[PDB]
Amino acid sequence: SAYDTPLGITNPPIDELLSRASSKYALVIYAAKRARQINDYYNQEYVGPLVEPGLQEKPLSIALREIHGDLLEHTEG
Amino acid sequence: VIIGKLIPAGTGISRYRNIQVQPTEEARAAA
Amino acid sequence: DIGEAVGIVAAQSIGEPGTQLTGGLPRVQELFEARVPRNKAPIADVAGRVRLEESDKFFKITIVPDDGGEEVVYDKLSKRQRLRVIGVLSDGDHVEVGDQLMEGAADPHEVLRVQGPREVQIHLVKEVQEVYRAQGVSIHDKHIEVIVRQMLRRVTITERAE
Amino acid sequence: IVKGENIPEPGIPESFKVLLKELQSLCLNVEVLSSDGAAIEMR
Amino acid sequence: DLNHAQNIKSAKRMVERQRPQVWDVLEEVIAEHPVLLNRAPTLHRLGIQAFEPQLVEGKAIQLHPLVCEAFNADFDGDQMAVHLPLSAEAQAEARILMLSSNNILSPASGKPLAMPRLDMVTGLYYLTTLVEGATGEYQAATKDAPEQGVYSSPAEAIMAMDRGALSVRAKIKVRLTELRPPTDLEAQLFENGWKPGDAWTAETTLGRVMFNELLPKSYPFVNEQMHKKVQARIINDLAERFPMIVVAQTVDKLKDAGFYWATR
Amino acid sequence: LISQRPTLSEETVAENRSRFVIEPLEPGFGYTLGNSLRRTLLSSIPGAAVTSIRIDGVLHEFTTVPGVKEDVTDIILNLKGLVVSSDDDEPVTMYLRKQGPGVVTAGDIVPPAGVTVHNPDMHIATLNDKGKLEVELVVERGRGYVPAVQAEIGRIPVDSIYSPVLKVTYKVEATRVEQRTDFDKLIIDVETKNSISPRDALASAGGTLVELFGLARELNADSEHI
Amino acid sequence: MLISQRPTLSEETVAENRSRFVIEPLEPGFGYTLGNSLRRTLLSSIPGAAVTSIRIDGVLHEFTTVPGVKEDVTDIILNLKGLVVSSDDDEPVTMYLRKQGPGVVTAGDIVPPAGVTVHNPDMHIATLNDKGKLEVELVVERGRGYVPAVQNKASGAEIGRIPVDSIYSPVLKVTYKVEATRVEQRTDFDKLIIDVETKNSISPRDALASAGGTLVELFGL
Amino acid sequence: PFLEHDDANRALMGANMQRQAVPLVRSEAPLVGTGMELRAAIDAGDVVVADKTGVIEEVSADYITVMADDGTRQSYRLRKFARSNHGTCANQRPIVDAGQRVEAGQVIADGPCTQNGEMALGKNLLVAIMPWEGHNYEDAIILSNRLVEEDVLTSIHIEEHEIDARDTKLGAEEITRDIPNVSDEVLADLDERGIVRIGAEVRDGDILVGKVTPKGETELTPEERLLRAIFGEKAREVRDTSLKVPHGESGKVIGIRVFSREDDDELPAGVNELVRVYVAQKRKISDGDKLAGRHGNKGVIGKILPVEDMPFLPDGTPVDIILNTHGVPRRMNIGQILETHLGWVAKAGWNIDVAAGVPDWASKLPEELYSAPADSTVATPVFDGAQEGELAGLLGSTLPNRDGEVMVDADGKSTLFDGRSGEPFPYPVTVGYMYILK
Ligand SMILES: [Mg+2]
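Chains as they are written, first to last, in the deposited numbering: chain A, 24 to 67, 74 to 106; chain B, 1253 to 1283; chain C, 989 to 1010, 1027 to 1090, 1098 to 1168, 1182 to 1186; chain D, 1097 to 1139; chain E, 462 to 725; chain F, 2 to 151, 157 to 232; chain G, 1 to 221; chain H, 586 to 1023.
In short, the hints are calculated from the structure, not lab data. Just to be clear, a hint being listed does not mean it is correct.
Under 10 Å between C-beta atoms, here's a sample of chain B residues computed to sit facing chain A [claimed, not checked]:
| no. | residue |
| --- | --- |
| 1 | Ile1265 |
| 2 | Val1273 |
| 3 | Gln1274 |
| 4 | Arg1280 |
Positions of the beta carbon are idealized from the N, C-alpha and C atoms, including for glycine.
Whole structure, please, built from the sequences with the hints as guidance.
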């Protein structure tokens, strides 16, 4: 199975991410909350990045790839 | 919107904004 | 999705067309505003036979109920405003409760008290969808239903649930 | 943005505060209220 | 951060004078930072869509030709506004909620909006249309002559198209090792273990073959001339059977091929 | 005048397919040498392939087989996939003949002269029970693709794929400059016959072009560029 | 069925400015893609001499008139664009033009410095009357293609200098056509003739060789 | 032209867009036009007309004098680079030589958008009506880079800036070159008074006129007052309010007007000095600019391609502009296709070359239209102009380019060669000359 190699913002696919949360809006908060987390760590919630980050990756993009790999929960209140 | 609050819809709903995000105990270890 | 704001999506789904509407925007506003129809059309108040009488270039429709009880008569109706089609209504035909007796627009308030709330929403969605479909626009019924739902939310003695 | 920090939580739009004053000028007493029912100084 | 400027006031002076050092920097900050595009009047939500910015020359905004349908944007002095989402939540909502390639179907009828239109329609129509009596036409000659209308593969047919031997819109028969047959033919012609990577010969125009190379390898062979309605059928069908990214990229390929053959 | 820093890189898709890039190029050199490269790859390289064939039992009857599974048309296009590098420089007749139920392949044919078949596992036909097959093959080197060229009865001229490159496609992107307006970037995608590898085919193409453009260089050769 | 014959170079002279070329024999299909691959390089990369900036003593900018002359300055600049100039000097040289009195100022009245030459003296530059006197120096540089007027800000140029668009294109008009031999399925060959025209700065043989030599350099393993 | 062939919608648009054109530096007249081209220019008043029959005495870019039969001299001073109310260039240029003899009412000098007496609102460009790789799509347009190199669609634009020095309550504003806190380089283009010198350049944010106003009470910052004491720069008593160039605007300084209170200039009460700076700029036709023809067809410039890769005729003559095909049929402005055919006829010339007599189509054609050389101008009044039969016949009469070869067939199409790949375009493409406006 192959769709193709995605470019930039379209990676990772939204479909593979939606399997990790309930709705698209939940997914938004997920990456957002984690994005602030990573940035706080760069200028010391302080954890990660769990995945090997390519240089200059926007912490939002890092948080998305984290959710792709099931690396974080992910509890809804 | 008038007072500048989050609209009670989409990402403004309570169940979505109060989410807590932490790495799994398994994930933090692997680093 | 859970958070979807379908009310706005519906208002825009219905709002984007209308630049394509040219039997148009006036009729659409008349329906959503629930005004008395521009040219009012009668609906059957009860099911039964229909006796079609022709006055001096007038139309006089009487309904002999199947009870059979008190006849239901419609006194004066312009002959220039044609009758509904099943062909066109004729003497002796059978009519059900909510049927449209003549071509035109049924008073949404009248169909309300006759058929009840559940049907008013169906009548309005049909009439509205008839306009947009006549101009060629494709809109899903649920958007109109979202709007129409907001019209029957209250009851005269106030919101329903409250 | 210059310090590269997270972006802060927004405040009260000045337009809204101006709206409250414009209502007061019309002899309309508008009060922002919390759960307690206590008035809140808009300043 | 880099030692180009010692303090902020030097950086601000640098940018205002358009110092050449800032250009390569701008690419780094713009990378994967979405921007919102909008055209007035805003009739539906698809009137605002997020995109990935690309530093381009000139003072005009380059807009993807597919989103023209959603924006109702014709290129006659038409202007559009740009908005920069700042907060992490704002960028997340842009990349997730308002991304261009995630909003294909009109949220009124479910029909596809990024579906190809005027120029690309005629291009694909000409590409898949079938011409009687075209160059390279297959006749399946019988008496003292072989068929002489078949080709070893779509690649050989291309070499025949570059020479004056073949026409793109000719009825021909070739065997495809990387495409999937239709449902009826896949069932009977193929032992029901699978039907990938196995040679099978069907008779269609070379154009229709190159056309089906744009659709996913997993999609059946269509073998029709692409009226605009037929294109809506396939994209509607693709939304059901495939994720959005598959649809987004496929319509991108349909754009490149539609335009190419639109000029030809 | 002299400009700087054009390069050539290759990403291998498979043992038969290789992708190449040129970075960077001055506008608009992408389209200039782009279509010329692909055209050179297609119809310039010398290669050996089948020209005509004749099979015993094939006659006035249009196309049917006395003892195999697929019609003669299907076998023709099967044979068109035969890759054979030859050193004869002229038409040479190969010999293939098999009997008994089984599957015939490329290995079932003896290489007469300068011939080394490069795809022995290639299928040709599945033989009927107690089936025999007798057929000749005319192989001559050549360039590119020549359609079936049509004294002899039962002689079937076939479309001949001389070149080792089956398909080459190209497109030009634009990126990689600081203040410039998106210098050209060339992408070429070539699928190889296994007779030669892609980069040798590209190297041969370049050698053919440079020798072809030295035609104009040898005229004056004084005015030049990088 | 390889046919072995070295691709030949035949040359023809259609006129003084342009001269036809013909190449044969070539494989089928090469005529069109190859001729155009030369054409694109002819128009874009042929090096030449072009006037970069000019100066007129009386004027401080290009939007003023000069007493006695019939053309305004920016009109004179547009008339100066047609100049076909050849400069063997690698570095920037400054020509001069001084004329006065009633008459016509042609391109020939320009005095070239050591090593450069003007190939169309008959060009009308300006027309002067009794009161009109014209002094102008022109800076000639070497390059290729079309470079817009370099603003005097990017350089340390004086306020009196007038930057001008520069067109280094010795080639005027170029096309091609193919005579294709597709006989009775025997020895199909391609014959291609190109029609190269220059601005008299360099002869077509010399420009084609320059482009051809440049093409050779780019094609590499 | 061909008004009778266009719907009132696009015709209404075409009429509105003629008054939207801008004066080009070249100002070339329309190859295919109507009668009104001439009279509209002279009656507009932007053209210099001789009111007495005479002979020219002097011809200067500044002025021109003409001696009449009366012996009385008339003289006309020319507008050179006058800024219009909307920023367009009002330059005038003489069309007569020294000894020429003129008649009363004749045209002496051309206006901004006139040539030889008739309005020239645009240029004549070689057009190809094929769709081209989507770069011309949904009314967009692609052009030859020639239009940049040869300044054909280049148009000069001027802007007027203004700053005044008045008497404030705290003190009098002074136009000066001394600015509180600035490098000497930002002043390097200013003169003594503090105004930008003539012929100097201007980049967005640069200073045109240095002006200063009193400031008090200072009450500076404690953090700032220390830096003043360290580096010894006295905190100046006045605030910097200088005239700078607006963002994105650029060009050169043409002239400066100065009205001063010291000199007995008339000023409004409280205003001492007034200085106005006029900046002009050359505008190469650029991506995103809006072009249009006379038939209500309009579109932005989507991309500008190098002359090398452009659909070109067998001449090697590249087309200047490429117009999409899909926008032509639906809008009922097909009159633009007619002037495209006539446009090619006019630039190529023709000779009916009657076998024996005027072929049956030319029954109504005037004899003067039978022959015509290259580059001839044509006039087709709106409701009695050229008609279809005459056009095809004129399309059948055409002339070789230079060599015997003919470049456009009887239905107005030509086989174009793709400049990118080099291989020709499969189908004959309609080419011609269309008059388009910036
Ligand atoms: Mg528009």
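Violated hints, by number in ascending order, as checked against the structure: none
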